[PDB]
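To begin, one chain is listed below as structure tokens, in the form deposited in one PDB entry.
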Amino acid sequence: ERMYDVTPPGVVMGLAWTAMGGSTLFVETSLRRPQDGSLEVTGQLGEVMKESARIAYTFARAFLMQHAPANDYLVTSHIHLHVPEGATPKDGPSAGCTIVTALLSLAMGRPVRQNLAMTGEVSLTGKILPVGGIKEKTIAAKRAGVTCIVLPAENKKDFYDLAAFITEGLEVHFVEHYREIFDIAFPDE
């Protein structure tokens, strides 16, 4: 199956691939000090992925300054973000939306929708950009029991290049901006 059967606040399921195939990953976040905040990052992340964490971090604060200006959690807290397993090298920008979601989930004290997974690059203003490995990611999500998958709008052709027996029985959302992801990940906000 997968590392988390049920995700608590601050944990979001993302997807990855290599030449060997696709996999699921979980972005984890946590306070490292009790309540000018900071973000510490671990998980053998490559340079491009570390930058995406910085972009996601800035965007998550801006997004929270709007959706809930009274919530200074991300602006003041000292947070640690991790992507297990600890020894596996990871890179690329396709977990940006995953990281935004983990940070907002932690700052609101609200888990995301269960059996949900996502992949997509996020820009500084929250645009969702296309990524690679749609086939492998989709197959790995299915195998892990994911019932709701979130993909960049520009990966739509990639998704429907797949045979119907792969994609049927999958609730899929194609998104252009992170706000759409927020409404799917957090339906009761």
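In this text, rigid core is short for the largest set of C-alphas that superpose within 1.5 Å between two forms. Numbering follows the first chain given and starts at 1. Compared with the form deposited in another entry:
No residue in 88, 76, 71, 114 other than 88 shows a CA shift of 2 angstroms or more between these two forms after fitting the rigid core.
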Contents of the next structure:
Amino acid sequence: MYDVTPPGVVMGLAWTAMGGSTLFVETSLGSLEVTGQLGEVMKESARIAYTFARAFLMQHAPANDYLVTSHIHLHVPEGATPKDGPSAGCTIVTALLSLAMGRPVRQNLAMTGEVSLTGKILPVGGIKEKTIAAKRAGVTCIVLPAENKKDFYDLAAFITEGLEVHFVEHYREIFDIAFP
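After the form deposited in one PDB entry, can we look at the form deposited in another entry?
Excluded here are partners and other molecules; the one chain stands alone.
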């Protein structure tokens, strides 16, 4: 649904009932409100992402108040299985911060991964489906949790060769890649 992402839009990768998709998580204009309507599971996954994103912005740019003050809107497209919903977690943080800083995310980036309150990156599933979806969407850098590593190299070489892959353990690491 985008070629060059505006501020607050991050390509995440989703595991659907038929296969893999590339879904744009969106944030626009303290509160967070969330549409695409998921069940409470998404909602909490979002409030932990929301609180990690707030603290991260306090620590990175003590200066910036946008997250702690604004009335933000989170949109997560419907299509992900229930179980896959929180793996948008690192995509949700990235959008908040991309809004917060009025700064678009790096072009050609996709990520998946659950985030914890302190910011640990948790493994997810649908590695294949998602990695296939980044390829078809023409992404060339992909970011994945560190215990999903095997899962990445278990895929065909056709899928993986060419791909700039990062395996992360903590959010901060994703933050650098998305934001030079």
